[PDB]
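Only one chain is included here, represented as structure tokens and corresponding to the form deposited in one PDB entry.
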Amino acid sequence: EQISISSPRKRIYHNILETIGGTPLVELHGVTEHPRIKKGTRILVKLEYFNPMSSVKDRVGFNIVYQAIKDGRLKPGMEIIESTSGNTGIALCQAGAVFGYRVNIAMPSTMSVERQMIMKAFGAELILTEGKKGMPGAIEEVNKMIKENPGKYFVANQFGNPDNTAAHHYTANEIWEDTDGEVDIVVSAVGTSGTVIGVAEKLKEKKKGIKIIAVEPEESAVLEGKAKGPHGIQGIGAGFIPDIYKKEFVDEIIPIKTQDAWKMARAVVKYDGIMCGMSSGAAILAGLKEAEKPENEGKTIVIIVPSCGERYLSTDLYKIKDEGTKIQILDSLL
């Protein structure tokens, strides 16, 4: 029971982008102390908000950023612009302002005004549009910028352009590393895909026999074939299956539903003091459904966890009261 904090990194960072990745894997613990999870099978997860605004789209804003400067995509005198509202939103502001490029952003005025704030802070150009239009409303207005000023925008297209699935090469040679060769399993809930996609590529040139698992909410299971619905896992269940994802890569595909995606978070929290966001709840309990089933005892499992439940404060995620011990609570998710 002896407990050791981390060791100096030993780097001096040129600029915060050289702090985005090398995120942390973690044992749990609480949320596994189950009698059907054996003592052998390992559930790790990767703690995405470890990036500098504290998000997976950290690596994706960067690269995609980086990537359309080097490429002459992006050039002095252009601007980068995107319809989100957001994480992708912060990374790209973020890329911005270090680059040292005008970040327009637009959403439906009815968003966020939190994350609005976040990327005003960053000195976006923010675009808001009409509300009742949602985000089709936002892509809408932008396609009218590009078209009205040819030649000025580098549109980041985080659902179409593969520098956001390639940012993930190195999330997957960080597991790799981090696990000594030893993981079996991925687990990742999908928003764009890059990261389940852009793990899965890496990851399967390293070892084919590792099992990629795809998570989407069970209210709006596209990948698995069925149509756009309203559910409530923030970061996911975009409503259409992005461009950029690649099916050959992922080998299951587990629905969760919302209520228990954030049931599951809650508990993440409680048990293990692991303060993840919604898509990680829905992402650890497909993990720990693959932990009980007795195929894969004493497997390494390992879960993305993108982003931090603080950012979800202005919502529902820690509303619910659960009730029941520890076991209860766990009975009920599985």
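Positions refer to the first chain, counted from 1. Basically, rigid core = biggest C-alpha set you can superpose within 1.5 Å across the two forms. Compared with the form deposited in another entry:
Core superposition between these two forms leaves every listed residue (167, 183, 93, 106) with a C-alpha shift below 2 angstroms except 106. Residue 143 shows a C-alpha shift of 2 Å or greater between these two forms [criterion: core-superposed Cα displacement of 2 Å].
The Cα position of residue 155 differs by less than 2 Å between these two forms after fitting on the rigid core.
Remark: with the core as the superposition reference, the CA shift of residue 121 between these two forms stays below 2 Å.
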Contents of the next structure:
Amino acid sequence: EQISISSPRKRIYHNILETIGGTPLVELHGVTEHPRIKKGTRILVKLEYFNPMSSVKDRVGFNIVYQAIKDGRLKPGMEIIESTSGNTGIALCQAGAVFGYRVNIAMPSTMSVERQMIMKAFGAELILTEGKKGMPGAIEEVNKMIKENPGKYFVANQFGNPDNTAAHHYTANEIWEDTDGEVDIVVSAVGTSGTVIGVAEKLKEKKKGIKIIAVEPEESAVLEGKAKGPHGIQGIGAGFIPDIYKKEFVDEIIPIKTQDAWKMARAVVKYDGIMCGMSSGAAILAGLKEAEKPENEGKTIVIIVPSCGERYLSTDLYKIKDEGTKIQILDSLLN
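Now show me the form deposited in another entry, since the one above was the form deposited in one PDB entry.
Next comes a single chain, given without company.
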């Protein structure tokens, strides 16, 4: 019943990029109080919105740009360019501001207006594309832009760039150390797939039997072999299988309905006080569905939370009001 807040970090950080990563792992309790989830089963959420720009992509924009500069692929005189669903452009704006490079962006018009609003203040340059066409339309927008041109642009290429995936070797080490090697299952909702694959490949170097679970929208279940379809889980469901995706590293794929992802997110902020985004609601409902399986009794389940509900205020995330008690709401999610 005693509660201790966080101790001093005992570091002076040399710039904001050094504050990326080392995100906290937090036990869920409110949404896990359910007669089928057994007491020894631990459900932990890794809160990637503790990154300075509040999303998992901070690690991505940082590693892509910093390696490209160390590489020679980004050099003084070039600009950065990319297509995103939002968070990646914001992470590249952060790295761009620190390193001193200009940044240009293409993104679907349908993504929350909060995302559009962050880019620019840092020093970027935007282009909003058609919703309907989704991430592929953004990508085409980007190709257009480079086509011509010189050897002037470095293209971040977040769906095909292995520096995306490799940034999540740190994510995996943090899960390993924070759980003292006890993690059994990791659940990650998939956009670029750099988190699920980067985490999986680094954790399999640690312990072979860790189960890795990808999550995607039921309405666009492309990893499971379905076609691209309209969905509302912002930040995931790219509509294609990213070139960095490595299926041999993923044990199971869970489809989650858009409405259910949102409703889970509603429940997590109400019963645990954790303000997770839409794709977090998908990941957490998948993880809860794992936690009620009798073969997972006593296991440690780690669920990636990629973003904060506050970047979604303009959406319908917090529109509908759920009826029922806590137990009613959880029953409706699990059945």
